[PDB]
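With chain 7 held as given, fit chains 8, 9 and d onto it using these hints.
Residue-level listing of the chains:
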Amino acid sequence: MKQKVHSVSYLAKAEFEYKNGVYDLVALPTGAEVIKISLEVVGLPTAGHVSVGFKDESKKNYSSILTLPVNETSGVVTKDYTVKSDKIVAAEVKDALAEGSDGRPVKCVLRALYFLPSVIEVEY
Amino acid sequence: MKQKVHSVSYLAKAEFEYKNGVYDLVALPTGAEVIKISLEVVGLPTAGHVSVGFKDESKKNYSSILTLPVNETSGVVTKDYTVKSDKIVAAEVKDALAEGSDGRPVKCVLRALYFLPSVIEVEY
Amino acid sequence: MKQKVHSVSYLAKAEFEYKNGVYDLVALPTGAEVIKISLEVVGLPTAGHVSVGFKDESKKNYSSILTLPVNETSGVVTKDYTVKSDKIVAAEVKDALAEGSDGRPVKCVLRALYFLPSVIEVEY
Amino acid sequence: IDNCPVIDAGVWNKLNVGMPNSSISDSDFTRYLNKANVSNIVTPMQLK
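Protein chains in written order, with PDB author numbering: chain 7, 1 to 124; chain 8, 1 to 124; chain 9, 1 to 124; chain d, 243 to 290.
By construction, these hints were calculated from the structure, which means they are not laboratory data.
One thing to keep in mind: the hints can contain errors.
Said to hold, decoys possible - SDA-like mimics (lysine to any residue), calculated; alpha carbons at most 25 Å apart, straight line:
| no. | chain 1 | residue 1 | chain 2 | residue 2 |
| --- | --- | --- | --- | --- |
| 1 | 7 | 60 | d | 259 |
| 2 | 7 | 19 | 7 | 124 |
| 3 | 9 | 36 | 7 | 30 |
| 4 | 7 | 84 | 9 | 104 |
Unchecked claim - Some chain 7 residues flagged as far from chain 8 (calculated, every beta-carbon gap over 12 Å):
| no. | residue |
| --- | --- |
| 5 | 51 |
| 6 | 65 |
| 7 | 67 |
| 8 | 82 |
| 9 | 98 |
| 10 | 114 |
The beta-carbon is built from N, C-alpha and C at its ideal position, and this holds for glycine as well.
One chain only, chain 7, in its complex shape:
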C-alpha cells in the first residue's frame, strides 16, 4: 500500500455585501484540489440571487456553479474541482436592493477549502 497525497491545505474566507455586481472572492493555483466551497448569507435578504462560479484571472470565463435564492441563505457546492486555468472563484449578485426587513446591511461569506497541488509519497 503506497500512494501520493496532498499534504497542504488552505482555507480562504471572503466577505461581500450582497448587492448587484461581480466579486473575485478566492484565488486558486493551477492544480489546486478544491474540496469545499460554502456560501453563507448573514442577514435577511428580500430579493435576489447569488451565483458563485469560476472565472479566469483576466478573460470573461464566468460560469455559475452554485445558485442561491433568497430563502435558504446557505449553500455548498455538490461537486469537487481540480483547478485547470479557472483560477478565480467569483460571485455575482444580479438582483439586490437595500438590506430589507432589518435596516442593517446584508453580508455574504464564502469559504473555500482547497488542497495545494503539491504531493508527497506515503506507504501505510
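Just chains 8, 9 and d now, with coordinates in the frame of chain 7:
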C-alpha cells in the same frame, strides 16, 4: 491574484455515551474557522434526541445547531462558523434510557474540523 | 480548555475508468480519521452503478458505503469513519459498457480527505 | 538578411523556452508577465 488564507487546520474527536446530560466536546479558539461538525451514533438507540450547539466557557449560552432524532443516527451541520466568544461545542441528550435492543451501550462521536485563526499571504 | 487534536491531514485522489471491476483507490492507516470521501463521474455514462466502500488489504471484506447510479454523477459519503483494520477504500462497477453518447471514455475520480492518527495537545 | 541575423529561437513549449505561439494558454503566458512593468496585456491568443 493575491490573498490571505488559513494554513493550519485541526480535527477534534470526542466520544460521549448517549444518555441525558450536557457534554463539552470541542474547545475552539477565538477566530477559529469551523468548517465541519459531524455527529455519529454508534449503536441502536431506542428513544431520544441529541442536540449539538455552541456555548460559552462559563455562562449558560447554549443554543442547538444540529438536532438528531433516533432514526438517522448521523448528521452534519449545514452551516459554517467563525468562533466569536462561543468557544465550546457542546452536546446535550435530553431523552435517553439504557442502550436498548442491543445490551451494549450506545456511543456518540463528534468530529470537529476547524481552521486556526492564523493567516498567511499567498499569490498564485 | 485543553484537548488533543489531529494536526496532520492528507488528501488522496485516484482515477479509474468506469467499467466493471474492483479498484483499490485509497490506502488508510490504522487510526486514520476519514472525514471526507467524494466520488465524481467525468463524462456521460449510459448504464451502471459505482459502489465505494471499505475492504481489507488482503481478505474479501468489501462493504459498500456509497452507491452512485448513472444520473447524479456525483456523491459524498454521509458518514465519518475511523479506520479500524479496513484500510482500503475500494470502488466496484458491476454494470458498465463502453462510454456511451460521447465517444470519449468515462472517468471516475475519488478524493479522500483524512486526518492522520497522530494527536497533539493544545489549550485555548 | 539585409545585414540582420535571422535566428531560429525554437518553440515555447511546456519544457524549454522558445518564441511563443497561439497554443499557449492565457494563464500560462500571463504567468511570465510582471503586470507592474507591462502597460497592457495582449496574449498570443488575444493577438490571434
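Verify this label for me: residue 82 (chain 7) is non-interface relative to chain 8, using a Cβ-Cβ cutoff of 12 Å. 14 Å, holds
Could you check that no beta carbon of chain 8 comes within 12 Å of the beta carbon of residue 114 (chain 7)? 9 Å, violated
Does the structure keep residue 84 (chain 7) and residue 104 (chain 9) at a Cα separation of 25 Å or less? Holds - the C-alpha atoms of residue 104 (chain 9) and residue 84 (chain 7) are around 19 Å apart, at most 25 Å.
Would the least Cβ to Cβ distance between residue 51 (chain 7) and chain 8 come out above 12 Å? Nearest chain 8 Cβ is 19 Å from residue 51 (chain 7), so the label holds.
Is the Cβ of residue 98 (chain 7) more than 12 Å away from each Cβ in chain 8? Consistent with the label, residue 98 (chain 7) stays out of reach of chain 8, its closest Cβ about 25 Å off (over 12 Å).
Interface exclusion of residue 67 (chain 7) relative to chain 8, criterion Cβ beyond 12 Å: 17 Å, holds
Mind checking the alpha carbons of residue 36 (chain 9) and residue 30 (chain 7) for me, to see if they're no more than 25 Å apart? 22 Å, holds
CA of residue 19 (chain 7) to CA of residue 124 (chain 7), is that 25 Å or under? Distance ~50 Å between residue 19 (chain 7) and residue 124 (chain 7) Cα, so the pair is violated.
Checking one constraint from the list: CA of residue 60 (chain 7) to CA of residue 259 (chain d), max 25 Å. Satisfied? 28 Å, violated
Should the label of residue 65 (chain 7) as a non-interface residue stand, given a Cβ cut-off of 12 Å to chain 8? For residue 65 (chain 7), whose nearest Cβ neighbour in chain 8 is about 17 Å away, the distance exceeds 12 Å, so it holds.
Checked against the numbered hints given earlier, this structure breaks hints 1, 2 and 10; the rest are met.
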